[PDB]
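Asks: Given next are the chains, with one letter for each unit.
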Amino acid sequence: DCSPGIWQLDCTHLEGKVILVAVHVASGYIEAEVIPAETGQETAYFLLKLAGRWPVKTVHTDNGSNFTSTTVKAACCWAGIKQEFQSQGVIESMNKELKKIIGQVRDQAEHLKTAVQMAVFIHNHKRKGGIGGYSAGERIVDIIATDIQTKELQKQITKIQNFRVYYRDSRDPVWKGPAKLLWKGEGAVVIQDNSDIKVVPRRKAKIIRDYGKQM
Amino acid sequence: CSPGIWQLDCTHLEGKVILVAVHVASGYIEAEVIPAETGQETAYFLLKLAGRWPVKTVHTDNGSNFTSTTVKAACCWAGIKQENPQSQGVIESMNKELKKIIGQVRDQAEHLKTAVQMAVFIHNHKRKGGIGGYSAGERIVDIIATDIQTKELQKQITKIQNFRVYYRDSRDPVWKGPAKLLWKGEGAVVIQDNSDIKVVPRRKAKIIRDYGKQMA
Ligand SMILES: Cc1nc2ccccc2c(-c2ccc3c(c2)CCCO3)c1[C@H](OC(C)(C)C)C(=O)O
Ligand SMILES: Cc1nc2ccccc2c(-c2ccc3c(c2)CCCO3)c1[C@H](OC(C)(C)C)C(=O)O
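Chains A and B, in that order, give the protein sequences.
Sequence positions in the first sequence follow the authors' numbering and run 55 to 139, 146 to 275.
Sequence positions in the second sequence follow the authors' numbering and run 56 to 138, 144 to 276.
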């Protein structure tokens, strides 16, 4: 539930211009930008560009100083992103391997930035030599879109949760208490119990008009 | 294929020229204000765009950045390829749409370049379709999803397409004409000749690739 919407960004201290890298921590997607001059404000316009390609719920910050800039914090509010208080070192090292391929292309491009963007293209559209069903370069907007189906799902889940159906086991003075209902059918209605299990006929089952909680 | 192509038109505003990178199918746009405008400059944003997503192709009947042979070469390192009446009208309108949006964002923002950037998160966010949302910005993660699912399956389809199986039919009648199997189930297999949707028991047939088990 936590992994979604989460993005980790690493600053790069580099020959020539400084640069910073942005990845959904799970996705592995990379959109690094070469930094002409470093200001949190400067950091922000890109972070602003970063949101359109993908939404980020929040970003943890490597640097308290990139954190200190008022604009940098200012951006977290427009976004609604909250600044959050070995392997990532290996990810920067992967950026270094990327820098090595960037070295392989260093001859190819005078502009270090080009190399970095290429390196980004390199993390992207990348397939493991070990067989992988899913490419990490093929980070899935979809697994973020499944939950997107999930939000609508929970939404459907909430309306069912909103309805309470009450039933009576047959020939029972007692009337069975409210519980989430597993299914609705014209022939039969299925119900769910916690610390108990039950299912029911549709006639014992009843139909309710929608009562909505917290608009 | 429609997802692969991206279509780009850029118009200068207040002198400074914004770079614009619409994906038509998505309807998503990524635009970057360029410190300086050149074809090479045009090239860099595309490289960034390539990092966010693959593009099969883009079309310009001609562009100045496009004329610069340099812009093409990049699309190639990329593997993207340089190149609907109701749609043809909309594209200029979309370019225009952000600007009307920009005038509002302007009263909002001190710096136009940032502002244009601002217009987009919103542009994606608004949904044209319903009270339920079918925003083009919304559409893209699914669109990406659809194509994604297609490939893993298509490959299954290819691996499958190659694998083939004979049918006995009546035993005495010549056993078969091998047809590509539609499916496998225990004690049976779904197969079709390209003449008729067929089904049969496990015993009736064995299944190595017709042109079989090529290490490949
Ligand atoms: C300056 C420059 N001049 C060129 C002249 C003709 C053809 C290509 C270039 C490229 C270039 C473009 C795309 C690209 C790569 C290199 C290298 C491989 C990936 O795609 C660059 C590059 O610079 C810009 C990106 C600013 C244009 C570079 O740094 O080499
Ligand atoms: C110059 C400038 N000075 C500031 C001083 C204090 C606080 C914020 C800013 C902002 C700013 C930052 C984020 C942002 C918006 C505006 C506007 C809404 C979206 O987020 C800008 C902006 O300039 C930069 C983007 C270069 C920092 C601006 O264009 O006004």
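Please note: incorrect hints may appear among the correct ones.
[Unchecked claim] List time: in silico DSS-like cross-link candidates among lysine-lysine, alpha-carbon distance up to 25 Å:
hint : chain 1 : residue 1 : chain 2 : residue 2
1    : B       : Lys188    : A       : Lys136
2    : A       : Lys127    : B       : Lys240
3    : B       : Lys266    : B       : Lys244
4    : A       : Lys71     : A       : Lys188
5    : B       : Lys211    : A       : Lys186
6    : B       : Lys215    : A       : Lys188
7    : A       : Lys173    : B       : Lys136
8    : B       : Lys127    : A       : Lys173
9    : A       : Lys215    : B       : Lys127
10   : A       : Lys156    : A       : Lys211
11   : A       : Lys186    : B       : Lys240
12   : A       : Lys186    : B       : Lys244
13   : B       : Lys211    : B       : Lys273
14   : A       : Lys111    : B       : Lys188
15   : A       : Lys188    : B       : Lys240
16   : A       : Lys211    : A       : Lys244
17   : A       : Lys188    : B       : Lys211
18   : A       : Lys186    : A       : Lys219
19   : B       : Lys244    : A       : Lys188
20   : B       : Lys186    : A       : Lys211
21   : B       : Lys240    : B       : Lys258
22   : B       : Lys188    : A       : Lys215
23   : B       : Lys136    : A       : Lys71
24   : B       : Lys244    : A       : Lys173
25   : B       : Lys173    : A       : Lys173
26   : B       : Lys173    : A       : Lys111
27   : A       : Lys211    : B       : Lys188
28   : B       : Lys71     : B       : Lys127
29   : B       : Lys219    : A       : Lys186
30   : B       : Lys71     : A       : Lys186
31   : A       : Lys173    : B       : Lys215
32   : B       : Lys244    : B       : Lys264
33   : A       : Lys186    : B       : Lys215
34   : B       : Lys273    : B       : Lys258
35   : A       : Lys188    : B       : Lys188
36   : A       : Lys136    : A       : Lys156
37   : A       : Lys111    : B       : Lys211
[Stated by the list, open to error] Coverage of chain B stretches by chain A, computed from C-beta distances (three or more under 8 Å per stretch; other residues unrestricted):
hint : region
38   : 62-74
39   : 175-187
40   : 203-213
I should point out that these hints are in silico values taken from the structure, not numbers from a laboratory.
For each residue, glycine too, the CB sits at the ideal point set by N, CA and C.
Asks: All hints are to be evaluated individually against the structure, with a verdict given for each.
Replies: Here is what the structure says about each hint:
1. B:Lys188 <-> A:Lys136: Not OK: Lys188 of chain B and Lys136 of chain A at ~29 Å, beyond 25 Å, violated.
2. A:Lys127 <-> B:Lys240: violated, 60 Å
3. B:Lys266 <-> B:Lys244: holds, 11 Å
4. A:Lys71 <-> A:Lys188: Cα-Cα ~31 Å, so violated.
5. B:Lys211 <-> A:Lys186: holds, 15 Å
6. B:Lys215 <-> A:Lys188: Distance of about 17 Å is within 25 Å: holds.
7. A:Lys173 <-> B:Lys136: Satisfied, since the Cα-Cα distance of roughly 23 Å is no more than 25 Å.
8. B:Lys127 <-> A:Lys173: Judged against 25 Å, a Cα distance of about 19 Å means the pair holds.
9. A:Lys215 <-> B:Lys127: With Cα atoms ~47 Å apart, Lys215 of chain A and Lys127 of chain B exceed 25 Å; violated.
10. A:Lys156 <-> A:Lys211: violated, 38 Å
11. A:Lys186 <-> B:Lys240: violated, 32 Å
12. A:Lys186 <-> B:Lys244: violated, 32 Å
13. B:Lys211 <-> B:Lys273: With a Cα-Cα distance of about 22 Å, the restraint between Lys211 of chain B and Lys273 of chain B holds, given a limit of 25 Å.
14. A:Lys111 <-> B:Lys188: Judged against 25 Å, a Cα distance of about 24 Å means the pair holds.
15. A:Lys188 <-> B:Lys240: Violated, at about 30 Å.
16. A:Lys211 <-> A:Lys244: holds, 22 Å
17. A:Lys188 <-> B:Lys211: Since the Cα atoms of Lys188 of chain A and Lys211 of chain B sit roughly 16 Å apart, the hinted pair holds (cutoff 25 Å).
18. A:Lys186 <-> A:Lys219: Distance of about 42 Å is beyond 25 Å: violated.
19. B:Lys244 <-> A:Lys188: violated, 29 Å
20. B:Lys186 <-> A:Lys211: OK: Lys186 of chain B and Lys211 of chain A at ~18 Å, within 25 Å.
21. B:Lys240 <-> B:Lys258: holds, 10 Å
22. B:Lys188 <-> A:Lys215: Between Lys188 of chain B and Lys215 of chain A the Cα gap is close to 21 Å, so the pair holds against 25 Å.
23. B:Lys136 <-> A:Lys71: violated, 31 Å
24. B:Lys244 <-> A:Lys173: Judged against 25 Å, a Cα distance of about 51 Å means the pair is violated.
25. B:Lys173 <-> A:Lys173: Judged against 25 Å, a Cα distance of about 21 Å means the pair holds.
26. B:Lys173 <-> A:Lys111: Holds: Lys173 of chain B and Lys111 of chain A sit about 24 Å apart, inside 25 Å.
27. A:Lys211 <-> B:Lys188: With a Cα-Cα distance of about 20 Å, the restraint between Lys211 of chain A and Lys188 of chain B holds, given a limit of 25 Å.
28. B:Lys71 <-> B:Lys127: OK: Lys71 of chain B and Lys127 of chain B at ~24 Å, within 25 Å.
29. B:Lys219 <-> A:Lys186: holds, 22 Å
30. B:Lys71 <-> A:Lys186: violated, 36 Å
31. A:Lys173 <-> B:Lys215: violated, 36 Å
32. B:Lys244 <-> B:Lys264: It holds: about 13 Å lies between the C-alpha atoms, which stays within 25 Å.
33. A:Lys186 <-> B:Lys215: holds, 17 Å
34. B:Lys273 <-> B:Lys258: holds, 24 Å
35. A:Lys188 <-> B:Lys188: Answer violated: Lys188 of chain A to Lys188 of chain B is near 39 Å, above 25 Å.
36. A:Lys136 <-> A:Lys156: Roughly 29 Å separates the two Cα atoms, so the pair is violated.
37. A:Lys111 <-> B:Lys211: violated, 29 Å
38. 62-74: violated (count 0)
39. 175-187: holds (count 5)
40. 203-213: holds (count 5)
The structure fails to meet hints 1, 2, 4, 9, 10, 11, 12, 15, 18, 19, 23, 24, 30, 31, 35, 36, 37, 38 from the earlier list, while all remaining hints are met.
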